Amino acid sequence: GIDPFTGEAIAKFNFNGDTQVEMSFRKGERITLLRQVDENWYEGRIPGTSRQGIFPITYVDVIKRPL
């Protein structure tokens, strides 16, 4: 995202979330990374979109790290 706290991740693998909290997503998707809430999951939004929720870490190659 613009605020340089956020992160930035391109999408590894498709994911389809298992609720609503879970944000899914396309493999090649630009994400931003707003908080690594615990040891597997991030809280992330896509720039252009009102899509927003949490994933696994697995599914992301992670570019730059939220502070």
Given for the second form:
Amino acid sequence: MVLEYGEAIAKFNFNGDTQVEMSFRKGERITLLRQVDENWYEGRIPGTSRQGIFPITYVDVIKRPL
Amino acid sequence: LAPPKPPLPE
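Could you give the coordinates for the form solved in complex with its partner chain, as opposed to the form solved without its partner chain above?
Starting with the chain above, the whole complex follows.
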């Protein structure tokens, strides 16, 4: 359903505890693939296979997915 | 130090 991916830069360190979650450090640029629910994005690290979900509150949203 | 982790999606 998404027509344009978004992007964000991490503003907090996030340790995912499960396979569905994507860990990252402050400063990592993340492509936003979709908003999963009220609290989580699915994203990916550009040029890689790191993909999974993380909390919206842990990133600075530059562009929302459309 | 970070915001509390929200509950996971369904």
